[PDB]
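Next up: just one chain, as structure tokens, the form deposited without this ligand.
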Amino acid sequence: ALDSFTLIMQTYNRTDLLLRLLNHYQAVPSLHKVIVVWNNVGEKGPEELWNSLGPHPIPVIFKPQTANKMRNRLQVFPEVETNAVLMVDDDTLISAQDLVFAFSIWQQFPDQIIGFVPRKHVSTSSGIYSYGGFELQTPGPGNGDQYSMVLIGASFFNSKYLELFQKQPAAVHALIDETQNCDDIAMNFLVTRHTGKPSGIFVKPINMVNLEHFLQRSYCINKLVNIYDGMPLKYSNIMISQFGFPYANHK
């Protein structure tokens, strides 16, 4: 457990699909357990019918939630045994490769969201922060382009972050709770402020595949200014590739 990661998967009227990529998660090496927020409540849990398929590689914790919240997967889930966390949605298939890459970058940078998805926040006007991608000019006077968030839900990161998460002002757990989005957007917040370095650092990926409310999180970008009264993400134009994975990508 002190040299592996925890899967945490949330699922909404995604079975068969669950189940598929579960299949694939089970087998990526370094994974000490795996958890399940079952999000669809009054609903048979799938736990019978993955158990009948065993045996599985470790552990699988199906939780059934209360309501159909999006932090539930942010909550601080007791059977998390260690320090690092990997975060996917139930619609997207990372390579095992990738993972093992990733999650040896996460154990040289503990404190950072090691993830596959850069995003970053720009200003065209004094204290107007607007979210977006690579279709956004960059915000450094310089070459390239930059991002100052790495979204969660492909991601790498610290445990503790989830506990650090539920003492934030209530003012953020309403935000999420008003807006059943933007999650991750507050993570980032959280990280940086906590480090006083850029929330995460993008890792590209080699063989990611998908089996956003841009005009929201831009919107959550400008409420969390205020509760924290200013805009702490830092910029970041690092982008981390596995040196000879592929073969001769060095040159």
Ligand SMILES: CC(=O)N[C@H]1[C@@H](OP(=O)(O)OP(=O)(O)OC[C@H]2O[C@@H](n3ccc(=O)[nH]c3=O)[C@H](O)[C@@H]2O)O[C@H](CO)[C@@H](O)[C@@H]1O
Second form
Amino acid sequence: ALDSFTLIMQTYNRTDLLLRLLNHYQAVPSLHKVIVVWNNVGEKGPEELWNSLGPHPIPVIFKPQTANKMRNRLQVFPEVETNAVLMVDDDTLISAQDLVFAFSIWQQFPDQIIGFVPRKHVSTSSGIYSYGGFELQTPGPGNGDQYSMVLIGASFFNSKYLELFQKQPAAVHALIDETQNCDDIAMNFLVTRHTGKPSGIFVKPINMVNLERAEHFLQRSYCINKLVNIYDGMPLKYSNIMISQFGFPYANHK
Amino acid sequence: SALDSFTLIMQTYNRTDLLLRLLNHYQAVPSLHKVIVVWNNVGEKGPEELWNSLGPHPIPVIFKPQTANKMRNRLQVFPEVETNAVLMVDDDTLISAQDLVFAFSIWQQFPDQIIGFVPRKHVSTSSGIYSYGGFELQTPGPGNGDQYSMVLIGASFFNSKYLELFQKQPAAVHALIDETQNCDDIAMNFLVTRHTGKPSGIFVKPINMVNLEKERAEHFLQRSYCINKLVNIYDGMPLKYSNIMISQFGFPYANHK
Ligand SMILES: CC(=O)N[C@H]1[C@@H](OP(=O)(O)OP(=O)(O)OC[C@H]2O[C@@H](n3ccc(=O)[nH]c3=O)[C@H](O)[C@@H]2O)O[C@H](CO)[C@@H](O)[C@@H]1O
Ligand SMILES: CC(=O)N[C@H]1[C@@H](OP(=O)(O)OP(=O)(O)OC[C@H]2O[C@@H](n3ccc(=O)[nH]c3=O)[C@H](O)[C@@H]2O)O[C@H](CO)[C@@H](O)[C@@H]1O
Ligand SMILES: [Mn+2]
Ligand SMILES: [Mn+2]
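Can you give me the structure for the form solved in complex with this ligand, which would complement the form deposited without this ligand we have just seen?
To see the whole picture, the full complex is given below, headed by that same chain.
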């Protein structure tokens, strides 16, 4: 469990993708264990099929969930024995090279969210925020762009943040269940409030692939504003730091 | 205010025209508090009169005549440096304002490290002996990508507190620099990493940096020689490897994709 990380993957109606991803992730260096957050209420977990195809490099724990809740992967699983957690959605295949490098970045910034998907909030009307990415104008000072969030569905973060999450105001948990969304927006609010630094650091992926609701994006902005009310303040901080691996690919420094 | 700013320290020798050209550029960079020109042309008269004639300029430029032409003259503690950050650049290097503005903001977040555009490293093929080089040499670290253990000071941002700390180094270090008239940057990197326990620097990939040199064989060998010399003086190899390369998110546009 030393200098290792635990992979937490929540799954819902993507069992065939789960097994495909698990086949890849199990072979990544520094992986200590895998916890599958089975959100398919009332369905048998592929653990049987999985074992039959063993042996496997690391332990894979299937934890059947009572309800299909987005926040289930944010609980404090006693089985997590590592300081760091790797959280990936069950439709994303991140290369081992990206994970190895990103994990080494997390070790140097264990209190921030190190991930591959950067996003931000903007404001054109005093106190009213909107959620978005690079299609929206930069908020920050001058040139370039900025991000104030790193989505948790493809990141490394401190396992202590799962406990800390549980201790957030009831209105926050209520909001998450209400929308069954915004869990990562919540995690970013929480982290930056705890550190006073940008909630995360963006690590540009070399090989990350997605294998595969109109108001889904609408809830995004809605949540930011709700969280600002609940917390009585916008804590998110902008950053334009983009980290890549020196020399990987070869000669990428020039 | 001197606080959200940095001081440019440029040492010059036999490049007065190159100096003046660079000055015209650097004087207009945002957050520049002042410029200190370390005049290493022993006996020659400075261009200060010419500078003032073409005034007014955005910031004060102080030309400081030097006793002898020593590489370490730019590492002195100049009383006129009022900032916490120093921007050190060779008088043959032109760095865009964009790079400077971004690099400075990175320095602000890592004030105890050398933020620069030129990454280099040491390698060891025979136990105890080190060699100097760049990306043309194999990687020392485990095995993926490359590594850098130094960020040359000739194009970087670093705490002014280090120029004072450099004066307090073992005479041997000062002697070494004076002996070869080289390795000042290698010494600074040794110093800084010994002080922080972290990699001496962070590499920021430049978007627009150009060498205007055009406008010795032992130089290279001296470098490797200095790493081993310094290792003896410090009874050890303090330099730490890093593979962090920082670029500006969204600059160029969509460079995150
Ligand atoms: C592109 C983007 O903005 N990414 C975010 C978006 O992903 P996105 O909109 O792509 O959401 P997905 O459908 O892929 O689901 C994300 C995760 O939630 C699980 N799931 C999904 C639906 C469901 O009813 N039950 C369930 O458990 C999935 O199995 C997966 O592990 O929303 C998720 C929740 O904020 C975040 O993790 C992603 O970082
Ligand atoms: C790519 C590389 O390895 N870069 C290093 C190399 O640059 P490099 O070999 O290019 O050295 P330069 O000739 O450009 O000189 C660097 C600076 O020193 C001054 N100078 C030079 C010669 C002299 O007799 N007197 C004098 O004061 C120049 O005016 C200039 O400001 O060595 C310099 C000194 O160790 C370092 O700053 C650089 O980080
Ligand atoms: Mn998805
Ligand atoms: Mn040069």
